[PDB]
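Here we start with a single chain on its own, the form deposited in one PDB entry, put down as structure tokens.
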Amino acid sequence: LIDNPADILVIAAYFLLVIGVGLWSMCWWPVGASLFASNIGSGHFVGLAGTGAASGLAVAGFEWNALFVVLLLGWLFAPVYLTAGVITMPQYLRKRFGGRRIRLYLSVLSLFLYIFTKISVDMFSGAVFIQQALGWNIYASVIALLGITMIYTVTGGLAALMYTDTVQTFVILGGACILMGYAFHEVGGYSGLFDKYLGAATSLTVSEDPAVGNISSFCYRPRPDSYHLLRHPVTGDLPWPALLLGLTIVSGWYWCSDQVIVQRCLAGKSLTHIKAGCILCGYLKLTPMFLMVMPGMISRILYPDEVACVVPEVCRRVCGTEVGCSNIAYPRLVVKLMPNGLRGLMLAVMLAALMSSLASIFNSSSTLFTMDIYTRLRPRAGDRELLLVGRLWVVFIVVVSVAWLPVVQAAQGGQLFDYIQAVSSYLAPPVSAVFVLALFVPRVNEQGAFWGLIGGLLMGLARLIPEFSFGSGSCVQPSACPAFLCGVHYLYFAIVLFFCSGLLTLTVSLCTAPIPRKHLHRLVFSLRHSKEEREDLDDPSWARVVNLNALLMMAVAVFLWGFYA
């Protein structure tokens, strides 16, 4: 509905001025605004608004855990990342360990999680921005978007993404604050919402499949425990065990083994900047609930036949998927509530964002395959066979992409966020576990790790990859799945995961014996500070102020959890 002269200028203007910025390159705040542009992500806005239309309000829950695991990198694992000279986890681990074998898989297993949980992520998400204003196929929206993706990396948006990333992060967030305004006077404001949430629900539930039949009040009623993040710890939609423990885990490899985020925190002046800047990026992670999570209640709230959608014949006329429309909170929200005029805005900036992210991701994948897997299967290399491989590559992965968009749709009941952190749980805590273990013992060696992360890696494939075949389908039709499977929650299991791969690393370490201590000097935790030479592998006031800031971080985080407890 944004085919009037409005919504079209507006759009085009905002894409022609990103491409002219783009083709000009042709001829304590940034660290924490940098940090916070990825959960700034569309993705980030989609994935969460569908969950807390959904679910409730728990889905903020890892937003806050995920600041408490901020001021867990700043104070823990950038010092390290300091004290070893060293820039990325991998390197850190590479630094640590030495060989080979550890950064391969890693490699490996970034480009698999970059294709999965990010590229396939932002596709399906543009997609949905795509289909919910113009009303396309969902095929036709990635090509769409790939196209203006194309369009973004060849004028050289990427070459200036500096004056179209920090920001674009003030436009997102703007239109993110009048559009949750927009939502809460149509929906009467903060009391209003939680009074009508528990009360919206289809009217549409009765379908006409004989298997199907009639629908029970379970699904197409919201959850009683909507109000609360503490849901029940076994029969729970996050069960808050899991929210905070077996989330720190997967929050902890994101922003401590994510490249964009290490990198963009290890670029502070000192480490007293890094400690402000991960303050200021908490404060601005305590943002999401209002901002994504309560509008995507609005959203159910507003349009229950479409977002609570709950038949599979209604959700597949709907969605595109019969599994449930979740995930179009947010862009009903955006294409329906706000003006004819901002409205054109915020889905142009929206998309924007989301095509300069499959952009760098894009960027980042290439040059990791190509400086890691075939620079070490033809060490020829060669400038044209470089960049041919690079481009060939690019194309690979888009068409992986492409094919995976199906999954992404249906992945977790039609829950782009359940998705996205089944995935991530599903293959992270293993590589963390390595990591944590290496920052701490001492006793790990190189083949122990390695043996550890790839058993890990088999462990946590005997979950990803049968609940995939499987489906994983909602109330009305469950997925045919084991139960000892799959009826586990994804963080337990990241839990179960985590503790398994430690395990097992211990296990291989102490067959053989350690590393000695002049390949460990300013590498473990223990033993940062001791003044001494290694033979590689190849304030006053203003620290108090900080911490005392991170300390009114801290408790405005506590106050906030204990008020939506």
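Numbering follows the first chain given and starts at 1. We call the rigid core whatever largest set of C-alpha positions still superposes within 1.5 Å between the two forms. Compared with the form deposited in another entry:
Only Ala140, out of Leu198, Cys177, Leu485, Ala140, shows a C-alpha shift of 2 Å or more between these two forms on alignment of the rigid core.
Put the two forms on the same core and the Cα of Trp240 is off by less than 2 Å between these two forms. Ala462 shows a C-alpha shift below 2 Å between these two forms [criterion: core-superposed Cα displacement of 2 Å].
The rigid-core alignment places the CA of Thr166 2 Å or more apart between these two forms.
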Given for the second form:
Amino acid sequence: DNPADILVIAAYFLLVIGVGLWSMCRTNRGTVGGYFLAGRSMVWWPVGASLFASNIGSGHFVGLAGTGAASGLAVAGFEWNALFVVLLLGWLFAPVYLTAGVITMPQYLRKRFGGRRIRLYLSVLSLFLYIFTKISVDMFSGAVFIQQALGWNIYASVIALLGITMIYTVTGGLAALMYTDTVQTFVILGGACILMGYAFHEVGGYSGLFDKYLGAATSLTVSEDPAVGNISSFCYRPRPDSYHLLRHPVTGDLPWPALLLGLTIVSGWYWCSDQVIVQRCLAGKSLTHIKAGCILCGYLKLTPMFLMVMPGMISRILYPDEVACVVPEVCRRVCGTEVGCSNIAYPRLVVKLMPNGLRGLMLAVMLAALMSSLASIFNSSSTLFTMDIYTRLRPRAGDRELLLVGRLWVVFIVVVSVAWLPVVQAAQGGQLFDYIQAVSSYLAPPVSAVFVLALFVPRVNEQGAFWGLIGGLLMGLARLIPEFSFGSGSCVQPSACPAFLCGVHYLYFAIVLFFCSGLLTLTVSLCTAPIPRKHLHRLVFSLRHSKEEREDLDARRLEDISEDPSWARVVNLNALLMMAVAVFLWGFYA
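Having seen the form deposited in one PDB entry, could you now give me the structure of the form deposited in another entry?
Excluded here are partners and other molecules; the one chain stands alone.
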């Protein structure tokens, strides 16, 4: 209702429309290349700003601040693994995907192994992962932030948001979305820094957070419900390792071997094998512009511990009877969720610490985060479906019908998400951020295991790669089905899930499943006859500098990934510096 809020929300919309219009007036969207891969024309700053803005959603604000309040600062684990794995993207994987001349990541595996069946399998698994683990978190976290900050209807508001990100997606393609994401990253970081400032002022500095957080317990620890009674001191007092990234390897909530290995594995699928991030790396002007943007994204991916996790911990210090509630009656009154109220942490700092003018800015921040992520998913799924599935059904399709089918898939994936919104609203509290990271740790390691063997081990053949993926879905589905069967409960109400299934952290099962998919792929590969090198040029990390005539199991200016040695020198030295800073910060909080 404030003049200022409304003006700040429409200045944001004027920026987004302004840069959209400039981009469509510049770029060509009458071709598949242009509409789907920005004409292969993006420079370092669009690539990195896009990689950041395509990743950071409303779920980062709601999830990381929620978990920061709940469990302290080891969820920075999620964001900081990425520094190391975005170096992998540039220096190891994108070299190979730029010489392969692929538009989709299923197409790479078609070129590398050569069946009809791996490319179709990967497309259908990818599309379901985007429904379950990427769209669901954005709809859920949007609904938290609208319910708390605004108090609007969380059905109508999600429809209206999903509808305007539909129009923003179909209207210009990757080009528009990338150049716009350079605005949306500025808006996200700007408003997030302003809220960090107010929060750290309220608790009385950085020193204030680290001398007040461990004391931040609720004073309402006794229930009116029989067979609950006195809530345990384990589950309302803050965790006594709350200021340490590296937690105990058997009893930690995030064990350190699980953090470092298991997140490197699942992050490897997310950053290096996944169409949503890798389409930002197939639209670059040159490999040196891809490596430069990898570094911008990676320095930007430090920011989330200081802009979401610590704010959420400051939220538990300031509203301990509302953010750290444990009694069911109290949690039903505070946030409508019997199982806890961590999720209101960021939403509540915004609705209590921000003045008349800047509340509008923080609405612009969450809108920018949510719009950028949903648009990146709707475009990447458009490409995935159109290029892979629609060219199986109609081979002689051609670059006009394909754009029509690309824009009609965005409409379909919006309507499917609208239909899926009540299911995701059935997830109760901060359980959902454990569900999404668990489903990721059960489905993705088989895909990580194939792409590392498809890229680094040229002995691996099509039978190996396919039975690797299906053996993995089988092992993974074991954990998923028996878990979802007993639900989660809370610390107050432990589930009856037998411990051997549960008690192994899902990031540890990520590691076992990766090595089991790897071993199966290698074993079936080594029994069956190999793929010779005449089939493999410029599609394996060994052969990315080949010049020899490949024979397809399925112009030359994209094949060339030679960079200027001066500019190579510069991106190589900034990568080592960026790693050194990441390693220093992991040391500081370990």
